[PDB]
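Participant: Listed below, chain by chain, are the residues.
Number of protein chains: 2
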Amino acid sequence: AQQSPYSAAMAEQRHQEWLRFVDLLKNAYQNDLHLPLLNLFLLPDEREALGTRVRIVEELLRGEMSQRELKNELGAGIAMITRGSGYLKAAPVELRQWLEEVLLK
Amino acid sequence: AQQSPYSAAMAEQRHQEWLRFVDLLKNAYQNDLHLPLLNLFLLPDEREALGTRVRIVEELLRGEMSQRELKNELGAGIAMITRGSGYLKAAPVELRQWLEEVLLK
Ligand SMILES: O=C(O)Cc1c[nH]c2ccccc12
Ligand SMILES: O=C(O)Cc1c[nH]c2ccccc12
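From first to last, the protein sequence lines stand for chains A and B.
For what it's worth, the authors' numbering labels the leading residue of the first sequence as 2, then goes sequentially.
For what it's worth, the authors' numbering labels the leading residue of the second sequence as 2, then goes sequentially.
Do not rely on the hints blindly, as some may be mistaken.
It does not matter which identical chain is used: a pair holds within one copy or between any two.
Straight-line distance between alpha carbons at most 30 Å, and here's what the computed DSBU-like set of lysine-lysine pairs gives [to be verified]: (1) 72 x 27; (2) 106 x 90; (3) 90 x 72.
These are computed hints drawn from the structure, not numbers from a lab.
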């Protein structure tokens, strides 16, 4: 319907594969195997990017850090700030409010 | 290139930033917010890569697919298979045993 069968079939396969990762990691957390699982599946630079993205989201929500501090401290230029801001705007409000509670105390 | 206090301090700061993401995601799984959280923090191509890496690891552990089949079906050339094989060999025994259990049924 929304996609032609070739595109739909590939998208469904990718969706199943993504959820398989999500469920594997879900159970790894319950078994205290999440740290080595994430070391296996994410490269060091990918893990660093995730740590830095959390700080970018935190500082965007907090509102105190300047654009130039975002670049110099977190490597986030104008375009990245605009993309990150867009992701926050697109997220469910419930997630955004939860992030505020957890990341901002 | 023996580590200096400067480099050690920055490495520990990056480590704490990574653990902060890990804990944030742990708590999102507990509140059923992991799916929107992962859409915020990972780009689509990064999510696809994680889904494909799970299949690569599964098929490496199962040992049935050939190198040509891994390339054709999963996009994993010989260099990536060598890296992935090395990550599995370096994983802690508890993780390798668990992955064999859950990925191979
Ligand atoms: O080595 C890479 O290019 C990325 C990567 C990270 N973890 C992996 C597990 C299996 C296959 C590839 C990867
Ligand atoms: O847009 C990017 O360059 C990657 C990215 C994904 N989620 C983010 C959240 C905050 C800042 C950057 C990103």
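Participant: Does each hint hold? Answer for all of them.
Facilitator: Verification of the hints:
Taking the shortest alpha-carbon separations for residue 72 and residue 27, only the inter-copy value of 28 Å comes in at or below 30 Å, while the best intra-copy value is 33 Å. In the homo-oligomer, the alpha carbons of residue 106 and residue 90 lie at most 30 Å apart inside one protomer (20 Å), although the nearest pairing across protomers, at 40 Å, exceeds that limit. Taking identical chains as interchangeable, the C-alpha atoms of residue 90 and residue 72 lie at most 30 Å apart only when both belong to the same chain, with a minimum of 21 Å there against 38 Å between chains.
Checked against the numbered hints listed earlier, the structure breaks none of them; every hint is satisfied.
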